[PDB]
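Here the structure is laid out as structure tokens; the discussion comes afterwards.
Incomplete set of chains, arranged as in the complex.
Order of writing sets the chain letters: A and B. Residues in each chain are counted from 1.
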Amino acid sequence: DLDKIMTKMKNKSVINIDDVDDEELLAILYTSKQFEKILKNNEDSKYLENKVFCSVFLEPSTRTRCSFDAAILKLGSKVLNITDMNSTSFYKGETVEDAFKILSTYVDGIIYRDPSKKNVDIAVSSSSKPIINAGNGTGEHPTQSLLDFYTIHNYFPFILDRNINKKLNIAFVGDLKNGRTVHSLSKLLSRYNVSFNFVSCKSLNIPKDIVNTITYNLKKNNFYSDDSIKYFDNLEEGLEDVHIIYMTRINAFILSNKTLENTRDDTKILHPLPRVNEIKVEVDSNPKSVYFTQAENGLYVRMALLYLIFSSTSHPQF
Amino acid sequence: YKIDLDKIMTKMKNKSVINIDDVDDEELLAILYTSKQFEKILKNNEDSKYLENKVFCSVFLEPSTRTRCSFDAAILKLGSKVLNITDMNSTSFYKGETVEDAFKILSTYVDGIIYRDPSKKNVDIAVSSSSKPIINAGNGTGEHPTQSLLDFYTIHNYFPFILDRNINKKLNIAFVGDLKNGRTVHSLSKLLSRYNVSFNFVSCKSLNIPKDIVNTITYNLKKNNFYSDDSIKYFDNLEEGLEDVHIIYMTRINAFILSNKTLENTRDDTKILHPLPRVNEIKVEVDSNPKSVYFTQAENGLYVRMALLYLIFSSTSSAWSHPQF
């Protein structure tokens, strides 16, 4: 019931993946799929006109910012940008709370990216208007996990089912300590019937509190066992029986066509981007690679999220 | 409300607005009326699109994010479009090119230009060269007309009688802080002194109101028969300067820190304004005090700027197409 879920999400701020529940997630997924079909069929995408947004980016993060802008513009709304400023140049001497108390009166909603975790929370408290977090220093990046989850769900729809007999097996590879995109998505995936392969060198292992959160979430739905979380030193073992391979930003963990020969046929490769050397260019020709479709999906998911949160009204329907 | 919005619009059509003196009595009434409409329309979540199909250029040659965001929002809420030139200082833009060339050209691409530049010289050269209207969004000589318009609009919301020029209804305003450098005070004083208004200048001796501003105020009060010896008063401290004042206006920059304690012996109806940002001048405790209106003041800039753009740049006025609640 897309009406009901909208009434609940209307004017919601979205800071953290935990701010999205089961229903909200289904809504976001459903809506994202509609925007996807609409856009790929070159149909009218203007489901959210007459809104004016402010996009505040206090660190260089061009892709996420371009992607939200595009999402706003394709919806038919408008955006004012604060860009290419760091956290002190904006807030010349002014309090965060003043800056957002005021700014919030000029626009319908605010997209905020700031390395300071503190500032986003203060923003949420001061702002009379909804805020979407586009990334902060504690590694909260909800739209990134939403688009990651969306991508996985396109290939492995059964992840929604919470069916004891349909388990998804994911390998997370690389810098698991600093890869906050892993932490976020893990948190979301562990709400479902999922098994985790953490492939990493010892100093870049998944943090304990993330393992606890996963264990907690898997226990809550009766999907935790001794085989739920597994830890690997190398690719050949870690990649074994995994539906999804997720590579992190940063060696020993370089993805090639050779290292992919002993994966499942159905396995799909994701990477939040940009890649450097983590994935060899040869792999872009391999139909297992979906990281460019993954990046593309961020548009549909962000359109979806803005639509559900800010419509004051008609829903997208193919 | 009182007046012929069509006629005033024919007069304002394609007006540049550089200085508060560019706005007359009628124009002001128009701006006030229209600002009010945009306020109600926006607060009732109604369609704000009274000025579509316009393309603007916004040229900001100093960091002034709040004013720049507020004009952008105003343009976008009106349903028009904007190109930005931003985060550049005066020499990087005008790499070697003359100001007159830059604007002669820029002016052929767009319907109107919003210009902020520390150089007072440049804004004037812009006005001469541009084939298109220019709204000054602030320059070095302290001309900032939309700031005084929004200030006045705010005051008028609490004290509508200021418009009357009634010998018995006098508004008493205290301007507090750096009166020398506070160009927002100079501008707004110039506007206020067109009406029945009395001025308390609260300052330390080296940051006093300048003489030529006192002369302008005196000149404007005399012209409407509202000047007396009690019209302008000068204070050393808050307790005296705040005494019987409808409005307290705090300046950007100590001894003049506003607190709940210092506000106990003001009038009940007094309203507090500050152009912003504050740094210390007002204690955060004051935000809870219903006398504080500095956040509503900042908010009002949207409605006033929407108003000003609407009146200046509408090409397809008829009496029925105007905003009306």
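The definition used in the following text is that contacts are C-beta pairs under 8 Å (C-beta built on N, C-alpha and C of every residue); 3 or more make two chains touch, one makes a residue touch a chain.
Student: Could you work out how many identical chains the complete complex has, if 2 are displayed?
Tutor: 3
Assume only the chains that are shown with their structure count from here on.
Student: If you average the Cα atoms of chain A and of chain B to get two centres, how far apart are those centres in Å?
Tutor: 43
Student: Note which residues of chain A are touching chain B in the complex, please.
Tutor: The touching residues are 50, 52, 54, 78, 80-82, 84-85, 89-90, 92-94, 98-99, 101-103, 105-107, 312.
Student: Mind pulling up the chain B residues that touch chain A in the complex?
Tutor: The contact residues of chain B facing chain A are 45, 47-49, 63, 65-66, 69-70, 72-73, 76-77, 84, 87, 276-279, 295, 298-299, 302.
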